[PDB]
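Enquirer: Residues per chain, in single letters:
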Amino acid sequence: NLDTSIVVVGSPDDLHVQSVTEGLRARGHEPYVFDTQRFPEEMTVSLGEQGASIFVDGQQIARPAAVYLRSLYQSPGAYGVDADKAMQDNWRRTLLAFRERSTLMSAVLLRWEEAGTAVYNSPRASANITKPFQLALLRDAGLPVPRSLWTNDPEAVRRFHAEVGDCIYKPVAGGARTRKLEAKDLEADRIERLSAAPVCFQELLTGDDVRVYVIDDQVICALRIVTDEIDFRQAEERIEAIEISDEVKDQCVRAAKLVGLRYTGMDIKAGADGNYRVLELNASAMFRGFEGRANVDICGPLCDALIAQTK
Amino acid sequence: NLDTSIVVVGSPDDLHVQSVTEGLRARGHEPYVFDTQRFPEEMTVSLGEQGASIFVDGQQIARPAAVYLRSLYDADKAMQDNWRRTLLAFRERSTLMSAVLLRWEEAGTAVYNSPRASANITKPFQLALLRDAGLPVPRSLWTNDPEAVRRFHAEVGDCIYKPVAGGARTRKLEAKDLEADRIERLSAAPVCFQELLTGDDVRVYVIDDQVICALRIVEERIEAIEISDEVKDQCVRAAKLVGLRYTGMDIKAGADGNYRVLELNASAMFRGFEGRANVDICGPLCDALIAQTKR
Amino acid sequence: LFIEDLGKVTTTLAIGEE
Ligand SMILES: Nc1ncnc2c1ncn2[C@@H]1O[C@H](COP(=O)(O)OP(=O)(O)O)[C@@H](O)[C@H]1O
Ligand SMILES: [Mg+2]
Ligand SMILES: [Mg+2]
Numbered sequence: 003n004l005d006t007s008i009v010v011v012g013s014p015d016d017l018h019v020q021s022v023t024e025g026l027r028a029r030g031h032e033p034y035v036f037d038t039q040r041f042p043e044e045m046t047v048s049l050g051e052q053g054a055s056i057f058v059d060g061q062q063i064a065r066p067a068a069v070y071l072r073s074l075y076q077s078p079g080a081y082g083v084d085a086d087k088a089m090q091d092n093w094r095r096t097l098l099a100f101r102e103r104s105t106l107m108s109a110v111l112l113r114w115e116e117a118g119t120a121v122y123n124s125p126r127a128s129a130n131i132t133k134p135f136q137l138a139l140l141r142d143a144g145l146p147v148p149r150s151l152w153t154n155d156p157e158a159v160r161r162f163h164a165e166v167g168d169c170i171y172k173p174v175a176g177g178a179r180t181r182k183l184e185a186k187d188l189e190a191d192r193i194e195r196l197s198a199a200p201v202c203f204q205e206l207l208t209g210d211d212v213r214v215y216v217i218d219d220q221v222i223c224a225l226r227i228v229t230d231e232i233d234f235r236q237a238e239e240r241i242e243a244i245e246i247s248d249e250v251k252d253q254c255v256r257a258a259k260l261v262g263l264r265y266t267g268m269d270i271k272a273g274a275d276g277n278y279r280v281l282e283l284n285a286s287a288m289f290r291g292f293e294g295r296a297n298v299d300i301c302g303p304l305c306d307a308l309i310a311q312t313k
Numbered sequence: 003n004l005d006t007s008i009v010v011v012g013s014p015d016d017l018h019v020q021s022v023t024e025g026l027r028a029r030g031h032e033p034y035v036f037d038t039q040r041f042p043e044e045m046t047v048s049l050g051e052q053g054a055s056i057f058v059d060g061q062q063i064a065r066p067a068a069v070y071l072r073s074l075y084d085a086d087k088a089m090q091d092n093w094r095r096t097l098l099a100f101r102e103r104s105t106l107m108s109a110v111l112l113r114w115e116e117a118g119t120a121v122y123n124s125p126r127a128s129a130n131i132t133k134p135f136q137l138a139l140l141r142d143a144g145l146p147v148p149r150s151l152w153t154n155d156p157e158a159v160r161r162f163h164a165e166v167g168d169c170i171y172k173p174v175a176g177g178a179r180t181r182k183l184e185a186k187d188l189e190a191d192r193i194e195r196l197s198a199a200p201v202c203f204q205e206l207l208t209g210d211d212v213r214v215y216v217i218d219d220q221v222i223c224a225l226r227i228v238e239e240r241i242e243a244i245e246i247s248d249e250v251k252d253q254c255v256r257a258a259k260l261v262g263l264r265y266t267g268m269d270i271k272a273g274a275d276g277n278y279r280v281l282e283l284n285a286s287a288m289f290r291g292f293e294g295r296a297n298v299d300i301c302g303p304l305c306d307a308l309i310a311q312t313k314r
Numbered sequence: 001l002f003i004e005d006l007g008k009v010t018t019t020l021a022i023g024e025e
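Residue numbers (the entry's author numbering), protein chains in the order written: chain A, 3 to 313; chain B, 3 to 75, 84 to 228, 238 to 314; chain E, 1 to 10, 18 to 25.
Since no wrong hints were added, every one of them can be taken at face value.
Residues from chain A shown here face chain E by an in silico Cβ test under 8 Å; the list is partial:
#1 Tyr-81
#2 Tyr-171
#3 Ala-178
#4 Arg-195
Calculated from the structure, these hints are not laboratory results.
C-beta: ideal position from N, C-alpha, C; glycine also.
Input sequences plus hints: build the corresponding full structure.
Expert: Right under this line is the structure:
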């Protein structure tokens, strides 16, 4: 007897899953929490040849009205996954198990989207999310992005640096903090380490990192993140809701539509000239710390957008 | 200086890349061989923010006319030491490569089997996509629920089990397998059950909305079997649903002489098929790759 | 790796919002 009009895909220990279950319970809708992490051992999934033939723990779930996709946990290296001991035992069968799970849950989510479920960030957007492709998709569509160079060739790095000036490097797909390109990094000894993996070099923008939240083609807020460095022993972070011009808004909405996102926390940043460049759009953006430090409500609009799909 | 009008993504050590290259070479079009197995340690690619700024080994390769995608992707020393890092490193490489491909596709390149198809290709969703669009598919059940498979058998009759994905011989579900002890093995080992079809395993190749051939795989001996225009229509439809440009499909016939689509493949092999039934697969493929250079 | 801190678990939430 469970209602599956709103499904929150994710583990119930994810603070953001909890936050949405609560934003939803307090508006009336109990949600169905779909934890893939317990698929083989503690969950039942059965799929029939018909896209409507979907049975989770015995109950049929043909078409939720809306899904909030926090994470499918496809990789053992994913955020909310403790797979360390299993990977230290056999990295091969664990990878196999995660791919085995992935194809089934992906099939569930794709069947749902086919049926008309409003998936708040459908996994199909993965293709447009690839950053070296995402930034070009935005650039050639008229949004400004940093002067970039994804590469494994040190000479390309040297010439891009001589073209641009101060530069940062950061991961191609993600997983580490961006850091200033220092002169030590251009010495042969370490710049030749690009043969192990490419990295992303970009023009060092000096302005303000602004996080813009977009839900269903509307900007919820725009939070300016400032690093307070008056005291070097307690460097803190001040986050402030700010007004952005309508031009900037419409550009963020366009970008969200280009990549294929419904709920997106995108990061932009201004150059020396005080004008924003798009840095990245996130497919399962977090919001809790921003809400807290900036005194805004992001979870509320998301829950309302989810509930508006049942109507 | 190279042509880069037609790009073959794959290793030179691969027989298919070889056939396709040799066949292309013969036809007059020398291709480029993006041997992405060399990517980090040997070759170099550089991407700029402008989709055209794609530089492989120093030579700009924006917008090829057509791409044949075969393959894109030793680690035990590294994963047993740091698996999180090694997985992340491989993700960095694959991200750069997948991008090159996606950039080409956005710019106009007819990629023969674009990676975007992977979404539509996930089988427990692929067969639902085929069915829900009116195509004949076998009754199927993906499950880890033993009660579900007991009723699926009871409803469809004798049936088979094929792996959830990948490679293992299709086997017949026998009554001995339905006992508590034997059936409970799927409590954590999901496989795909399907109504047992009795007709011939027939493989059909589709390129640009046209069937090329069909061979009854009956030492195994496979031979060409012409089929109705109806099933051909159904085949090209299925390939246009999944979003493939060159596909090698498996279809099987029921007892009533009607065919059911079993599976389309992201990049099907053809060397061990055109050398056992005497038809030409690589030829029409190269013809299509060249034909795009006029669009 | 050039960015030596990729696989450092210091999971690090640098990949959280992905
Ligand atoms: N070109 C750039 N110039 C200056 N700062 C940058 C640049 N790119 C990224 N950053 C800074 O690094 C942080 C992370 O960048 P981002 O592109 O969001 O990477 P990720 O999504 O992997 O964390 C951002 O908050 C931004 O402040
Ligand atoms: Mg970011
Ligand atoms: Mg990110």
